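Take a look at this single chain in structure tokens; it is the form deposited without the named molecule.
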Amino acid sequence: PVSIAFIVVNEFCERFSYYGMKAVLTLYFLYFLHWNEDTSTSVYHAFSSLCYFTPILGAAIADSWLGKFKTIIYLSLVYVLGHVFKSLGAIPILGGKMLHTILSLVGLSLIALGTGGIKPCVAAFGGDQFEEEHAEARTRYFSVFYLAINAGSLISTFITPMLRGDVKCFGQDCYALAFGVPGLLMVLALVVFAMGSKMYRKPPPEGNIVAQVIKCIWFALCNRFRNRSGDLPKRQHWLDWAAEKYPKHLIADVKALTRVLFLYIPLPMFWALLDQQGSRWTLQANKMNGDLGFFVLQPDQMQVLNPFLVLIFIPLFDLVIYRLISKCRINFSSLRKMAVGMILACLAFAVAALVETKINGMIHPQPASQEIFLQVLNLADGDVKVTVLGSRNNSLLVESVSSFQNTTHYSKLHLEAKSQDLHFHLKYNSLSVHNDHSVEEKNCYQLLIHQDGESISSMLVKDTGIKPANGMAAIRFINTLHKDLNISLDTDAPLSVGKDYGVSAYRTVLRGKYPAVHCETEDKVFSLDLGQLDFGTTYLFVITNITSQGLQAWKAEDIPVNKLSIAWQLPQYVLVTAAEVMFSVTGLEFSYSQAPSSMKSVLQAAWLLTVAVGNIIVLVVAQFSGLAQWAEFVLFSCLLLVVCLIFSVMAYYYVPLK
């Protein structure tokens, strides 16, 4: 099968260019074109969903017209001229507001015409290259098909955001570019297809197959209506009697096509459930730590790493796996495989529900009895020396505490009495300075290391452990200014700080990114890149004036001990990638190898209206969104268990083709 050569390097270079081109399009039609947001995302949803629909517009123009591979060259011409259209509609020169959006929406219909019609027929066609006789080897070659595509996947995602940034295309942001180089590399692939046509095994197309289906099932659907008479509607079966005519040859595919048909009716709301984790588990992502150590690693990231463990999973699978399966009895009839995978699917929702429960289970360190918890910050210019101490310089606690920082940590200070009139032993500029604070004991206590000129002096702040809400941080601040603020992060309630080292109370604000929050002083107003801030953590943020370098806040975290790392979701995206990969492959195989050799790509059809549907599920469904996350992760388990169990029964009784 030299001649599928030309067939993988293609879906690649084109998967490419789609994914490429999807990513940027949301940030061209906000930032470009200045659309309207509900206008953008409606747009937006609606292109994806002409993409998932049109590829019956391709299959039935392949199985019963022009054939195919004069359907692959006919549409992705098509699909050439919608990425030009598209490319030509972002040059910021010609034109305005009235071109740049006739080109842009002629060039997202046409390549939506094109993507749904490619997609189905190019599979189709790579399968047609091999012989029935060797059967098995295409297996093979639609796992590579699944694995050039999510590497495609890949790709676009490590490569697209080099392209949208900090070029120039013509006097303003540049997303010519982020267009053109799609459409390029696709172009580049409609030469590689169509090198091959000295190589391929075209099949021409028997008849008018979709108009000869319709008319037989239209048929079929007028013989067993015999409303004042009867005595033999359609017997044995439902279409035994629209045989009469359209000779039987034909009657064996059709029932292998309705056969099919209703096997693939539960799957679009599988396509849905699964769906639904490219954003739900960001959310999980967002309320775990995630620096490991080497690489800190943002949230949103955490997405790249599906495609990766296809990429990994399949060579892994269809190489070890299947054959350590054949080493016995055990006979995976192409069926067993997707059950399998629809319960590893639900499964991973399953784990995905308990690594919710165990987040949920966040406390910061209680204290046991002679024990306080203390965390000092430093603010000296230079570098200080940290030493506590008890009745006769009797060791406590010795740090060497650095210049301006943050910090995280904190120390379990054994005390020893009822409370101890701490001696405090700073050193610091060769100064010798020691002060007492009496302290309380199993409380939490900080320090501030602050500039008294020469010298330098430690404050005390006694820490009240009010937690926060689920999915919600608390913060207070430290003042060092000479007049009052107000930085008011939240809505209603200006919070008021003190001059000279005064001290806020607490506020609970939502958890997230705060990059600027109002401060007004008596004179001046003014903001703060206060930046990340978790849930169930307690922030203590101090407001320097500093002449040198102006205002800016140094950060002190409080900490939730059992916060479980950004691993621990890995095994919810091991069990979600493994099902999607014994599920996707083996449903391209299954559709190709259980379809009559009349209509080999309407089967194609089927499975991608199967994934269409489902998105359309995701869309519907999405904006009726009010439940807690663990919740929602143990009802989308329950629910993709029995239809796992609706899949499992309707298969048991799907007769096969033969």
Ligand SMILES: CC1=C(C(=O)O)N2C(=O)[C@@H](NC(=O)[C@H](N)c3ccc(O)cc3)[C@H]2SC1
Given for the second form:
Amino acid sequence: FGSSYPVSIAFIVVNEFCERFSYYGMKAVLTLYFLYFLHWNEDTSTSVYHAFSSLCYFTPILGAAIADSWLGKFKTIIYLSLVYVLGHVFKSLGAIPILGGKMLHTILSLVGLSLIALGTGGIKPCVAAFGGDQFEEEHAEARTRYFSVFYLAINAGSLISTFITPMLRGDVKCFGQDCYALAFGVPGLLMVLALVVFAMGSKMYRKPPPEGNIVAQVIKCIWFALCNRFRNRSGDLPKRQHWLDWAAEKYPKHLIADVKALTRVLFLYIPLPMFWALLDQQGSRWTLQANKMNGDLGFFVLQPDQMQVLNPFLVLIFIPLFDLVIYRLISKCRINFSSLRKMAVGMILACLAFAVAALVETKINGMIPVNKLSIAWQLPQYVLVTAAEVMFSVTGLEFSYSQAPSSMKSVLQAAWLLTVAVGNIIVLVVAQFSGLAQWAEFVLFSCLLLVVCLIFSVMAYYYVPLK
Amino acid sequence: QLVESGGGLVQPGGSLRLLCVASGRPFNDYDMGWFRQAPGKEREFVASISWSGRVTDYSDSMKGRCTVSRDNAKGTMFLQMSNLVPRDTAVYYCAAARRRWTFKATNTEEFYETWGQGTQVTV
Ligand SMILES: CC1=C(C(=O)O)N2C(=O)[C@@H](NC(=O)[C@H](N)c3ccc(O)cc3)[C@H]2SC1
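Moving on from the form deposited without the named molecule, please list the structure of the form deposited with the named molecule bound.
What follows is the entire complex, opening with the chain shown before.
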């Protein structure tokens, strides 16, 4: 309406919602489909679920490599959305028990899962980079609000999925048997709708062309830089003032600078997988903690598992609260939150959330059940962790964009998602080790988060901003 | 390994509780399931319980209703049938399968490698 926000983002945000919703609709039923339709092991079902999740987390590499080196965005997004839709077609087509059995179902399900992972890893970074690219580089104030609304749409899709998916798998009769075809068809239709709404804004988007084989040039420049300093028995100036400064006999400065910026941001992100792994220990351990506290609430019996819903919901209350109020208040005075202090204070908030969880666990273990904790008293730690997530993830998206060279805007987003992926891998590997008391586990997680925050703050103090 | 099943006769419309005792190796490393072989029939899947007990499945019949559940300590797994009808007058086998990655259907005989002895639960 004459503002600084292009109408085109209206198509992007509405797309991402329709995507996340669909994704969270398909993932939720996934395990059950393995167990009660394909009749797989608990081991096999869990392994396939985790492998699918890891592939979804790691395909952003392929997505960004395509987008920033070839076809640009809006053609990586379009084609990978088509791949996503084909994967959904196979998934739903492989869940109707009328054709084949135990051989066609398995193959179709696995192929659909692979295609879904490929599509997700390549609709994730490219869509965010595209929406950011819709804004002029001078409009960094509106781009932050756009990223806040992007995260808000993601979380709203997650919440609506958690609230609507059981309605689709409850007492349905696809073919003399539970209706898993609908549980995947509805996400498939939502993905198709997301693709349609995205493609309907084609005439409005601000498609910037790719700048060449960015990935190949970056790899070649780094390899030449690391090979040229090898002046073992001789040499006087292998590479001075940086490890990229004498990789300049080729690769003009306009590429050396971009490689430098990418390297700086990657070094900054180095410890983020640890933070993601530590923060992810709140959808499982906190459910176990909630299992040991009263959940009547006096009004409605609240199952511990339902407490998970409090993560997205609180975010929907903090994203507008922060971006519109708290941050504004921080800007009322001289205080300068530089998008890297926001992330550090978010890490600190997560550390405090796990410290509060440890204190609550100690209080639970202090029973002797007159002093039985309600399902409340889990509210403070959820509030703290959700505030940490809001102040970290949105700021990290904006930081990955604003600090990315124009030629590799969707590669820094891929690096962000890959920190998330490595955090997931760390979670997977550490899940097999459990020999500590729950209160000691929470204390250890809080201490580890404090150490991670300290390391990240020290590294971000010496970070050289792109400019 | 070396699963032993113990049941007995019951009356129509009553509830019976079969027991499967596994001895020799840990009971937290085995996916377990129940099968029945009515005289003249091949074998019918009855119920399944995973190694951890979290995942439990029952055949379409599961006459009236069933409830399978294991106790990894002492290796006792039991099946709780409630509304037994003149059918299901069959020997109930106990099948034990180790933990492993596989695409075999958990509700089939091919999936399970260790079979116990039957128990004639007539009605
Ligand atoms: C990069 C990334 C992703 C993603 O891979 O697409 N995002 C989601 O998906 C979002 N998740 C939430 O908004 C949830 N409130 C949430 C739940 C647990 C967490 O440790 C962090 C965020 C965010 S998170 C980081």
